[PDB]
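Protein chains: 2
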Amino acid sequence: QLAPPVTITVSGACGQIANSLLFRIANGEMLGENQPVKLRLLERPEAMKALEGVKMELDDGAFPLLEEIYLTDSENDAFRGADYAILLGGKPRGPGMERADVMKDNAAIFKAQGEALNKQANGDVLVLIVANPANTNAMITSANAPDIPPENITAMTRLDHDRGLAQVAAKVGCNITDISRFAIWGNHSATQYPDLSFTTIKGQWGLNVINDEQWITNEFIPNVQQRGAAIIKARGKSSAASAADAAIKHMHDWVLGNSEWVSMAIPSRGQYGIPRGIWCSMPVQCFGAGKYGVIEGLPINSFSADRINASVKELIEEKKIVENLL
Amino acid sequence: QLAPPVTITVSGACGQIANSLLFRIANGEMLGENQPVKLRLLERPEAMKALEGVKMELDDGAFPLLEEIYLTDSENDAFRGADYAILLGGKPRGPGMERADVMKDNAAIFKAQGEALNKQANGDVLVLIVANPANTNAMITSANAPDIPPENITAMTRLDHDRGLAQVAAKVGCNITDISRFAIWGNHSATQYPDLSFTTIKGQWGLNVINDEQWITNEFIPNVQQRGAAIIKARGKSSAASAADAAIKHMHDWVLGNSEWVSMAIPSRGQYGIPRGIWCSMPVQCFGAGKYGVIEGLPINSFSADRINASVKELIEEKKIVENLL
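From first to last, the protein sequence lines are chains B and A.
The numbering of the first sequence is the authors' numbering, which starts it at 93 and goes up by one.
The numbering of the second sequence is the authors' numbering, which starts it at 93 and goes up by one.
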């Protein structure tokens, strides 16, 4: 009854996001209760002693679906035969690191990983970029993997998306499943556009707070853009558990499908006039098996076009900063 | 299609174990995909600002099954209407505290929580004790909860159990599902007895290292007893993620059943001649719906009897130390 195993490479495997992510792959949640998995865990050389501890805890989960745990600091070894890749590792923005230097340092990392992905992974591999700057990191990866269809490399805006649903559910007082047709446009950043223009709350066709453009502009959109900062202020650490959760959902829907709109940062083919060659978050329907399609037919009003353009502006700017490494 | 909601109280809800546990409750893994959940999260007064961050991250999971998140620093408020309680919170060893103080101070915590549970929780509540000293904490909880059936309060040895399963699988090279009839006897401590006396491995009928009593004594048992120290040495932190995993598995099997032997620390009714009035880990079958039964009929050899007696001795000594909280 079990399918043949699939292989998942995860970088940054020693981090806090991996600490939540990996158990929810090994438990069968990400890919399904009948899908055995092999983990290829990649870390920096100096973190290899700690990565052995990660393997120990995963073994100590006694997971029936986990057929193998491979540890390495070699990206070529990591991506061998990979069916799926979740790229958590990158260079974080530290105090007094210039924005362009962080973008370029990460460009070199995702250039190397794109090259390794192209050489070593399976032909149909799906790659998810979590590490920031995600959209640009995804673009750099694809530019350096000419044999991977660009659409099989996406960046995660799913946490923004889910944070938006959570704001709506709290404001309206509904269940999560009552919300339909929500989307994040643009960059995984503070310029993102959380878009309520087409959103519906089940049964609610009349007076509803999500129609209130004053609430949208002054509360909803800024609350979603700054949600990461609020959690840091409350907990003193960044939102590792919800980021891993968003990664799980992104991959699960990508592989198994989801009838609802979800957000993914995807290669722009000019949908809605979005400039080509950038990765940009859009409303998509995931049909499963790695196939998705941008939601078609949406009229974009001028308030939306303004907001989307602000995020497209930042993505173009990011691309120019790393443009000599493509 | 959805069941009526159940309420789960979790103490120590800001800790590292909770950070992994709560998302694997909210996702429907612990209790089933069609069982809505309400979380009542308990912390110390000084951690309430951080606990708001926990709620924020869980909301950002956009979990359809998570109907409510209630936060409090009051044990009376926390356990109101509880159907389930997972007790992670306790007092770690700190300045001025000897081993006896660790037992007595935690007994005082669990005397208070058993009192609150008895008063506030629903009549069929199932209580899982994770905080150390687990067996003794559970015993104190039950002694101070006269209207809760003692079998509805257990202490967690599932992580010891799963660690043994991983040692077998690594040494023998089999799948986790190939292993049957394994159990942990005694205290959740270094005196535990990981018992291979009845274990089977699918397909392996001849020479096999789990028959070798010297390997059991010199490697397997100490590796299982000292596994927590090994993870701390490798990672620099304790094994929060796998302890949360064991708690999910313990509660899941308690409620939904499991055809394999699992280990739980349960009130002794004299099974295998074990003294009454202590909580002691035994091989059990979880039939689901809160009901479990000790595996009956097992012939206990002299090596096993010696080891079990050593852990019973420790449990009795622990009970005498905290006897004034009965």
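Since the hints were made in silico from the structure, they are not lab data.
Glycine included, every Cβ here is placed at the ideal spot set by N, Cα and C.
One or more hints might be untrue.
[What the hints assert, rightly or not] Derived list of chain B stretches under chain A, where covered just means 3 residues or more per stretch with a C-beta under 8 Å from a C-beta of chain A:
| # | stretch |
| --- | --- |
| 1 | 115 to 127 |
| 2 | 135 to 147 |
| 3 | 185 to 199 |
| 4 | 262 to 274 |
| 5 | 404 to 411 |
Here's how the hints hold up against the structure:
1. 115 to 127: holds (count 4)
2. 135 to 147: The restraint on the stretch 135 to 147 of chain B holds, since 5 of its residues have a Cβ under 8 Å from chain A and three suffice.
3. 185 to 199: With 0 residues close enough to chain A, the hint is violated.
4. 262 to 274: holds (count 4)
5. 404 to 411: n = 0 at 8 Å, threshold three: violated.
Figure legend: structure checked against the earlier numbered hints; hints not met, in rising order: 3 and 5.
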